[PDB]
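Coming up is one lone chain in structure tokens, specifically the form deposited in one PDB entry.
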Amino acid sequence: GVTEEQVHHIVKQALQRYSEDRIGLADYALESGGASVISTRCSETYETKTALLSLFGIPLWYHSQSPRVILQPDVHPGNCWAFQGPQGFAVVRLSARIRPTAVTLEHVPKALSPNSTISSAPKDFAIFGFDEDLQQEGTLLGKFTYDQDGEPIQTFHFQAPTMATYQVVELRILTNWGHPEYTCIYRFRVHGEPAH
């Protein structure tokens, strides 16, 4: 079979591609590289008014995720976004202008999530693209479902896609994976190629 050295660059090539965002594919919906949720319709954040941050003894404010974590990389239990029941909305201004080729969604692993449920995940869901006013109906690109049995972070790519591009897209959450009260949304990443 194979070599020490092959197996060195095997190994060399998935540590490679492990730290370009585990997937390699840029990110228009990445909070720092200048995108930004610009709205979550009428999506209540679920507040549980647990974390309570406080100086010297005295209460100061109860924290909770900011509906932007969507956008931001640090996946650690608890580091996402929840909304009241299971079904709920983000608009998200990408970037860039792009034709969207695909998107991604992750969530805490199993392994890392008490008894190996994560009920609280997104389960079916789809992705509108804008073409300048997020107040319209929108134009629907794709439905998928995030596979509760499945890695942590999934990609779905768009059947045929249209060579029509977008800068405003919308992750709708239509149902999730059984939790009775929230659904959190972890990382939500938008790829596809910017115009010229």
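C-alpha atoms forming the largest set that superposes within 1.5 Å between two forms make up the rigid core. Numbering follows the first chain given and starts at 1. First, how it differs from the form deposited in another entry.
Just one of the listed positions, 45, 155, 139, 145, moves its Cα by at least 2 Å between the two forms when the rigid core is held fixed, and it is 45. Taking the rigid core as fixed, one finds a CA shift for residue 36 of 2 Å or more between the two forms.
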Second form
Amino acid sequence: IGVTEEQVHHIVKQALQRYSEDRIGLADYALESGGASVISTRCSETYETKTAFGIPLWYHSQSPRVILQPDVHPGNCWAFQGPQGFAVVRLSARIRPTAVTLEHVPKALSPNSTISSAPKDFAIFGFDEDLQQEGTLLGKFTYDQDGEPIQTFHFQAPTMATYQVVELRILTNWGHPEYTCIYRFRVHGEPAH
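Switching from the form deposited in one PDB entry: structure of the form deposited in another entry?
Below you will find a single chain and nothing else.
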């Protein structure tokens, strides 16, 4: 069949253009750089007593705001106790949610190739309210510890109801004892206009 050396370059330029549109090419309404985390969020656990060794004077602790942050190097996730937890996000716009993305650090950059602190089963809720009127289940999915670090999850047959407040509820993790860790959560959709 056969590809030409210039078709090759156009394939590369195209792939790098996409790679550089936040990788997946979809607007993120949960990106803190636009708008952000409430804190009807789970407690928050430090994934380490290398601390005991111990509080470096410049050191702090990942707030849940970290999940709305694109920085995803091995340090940078938000951890909560056990395999169940939640974060509530106030989006930068009122949108009709069509998808979400979750990512975790690559297996390659992890001790022993284990991402056992990775979220597994999770769900998304719409809170029609700028408040806590018990949320509407938007969808339920499973973060796959194989498959790629970045996974996008599209709502099966969503209404065109709009929300500006959603919940990330995690239900199971990939088996880690103490804690689960969230690197970055994103929300995609169609703006109320």
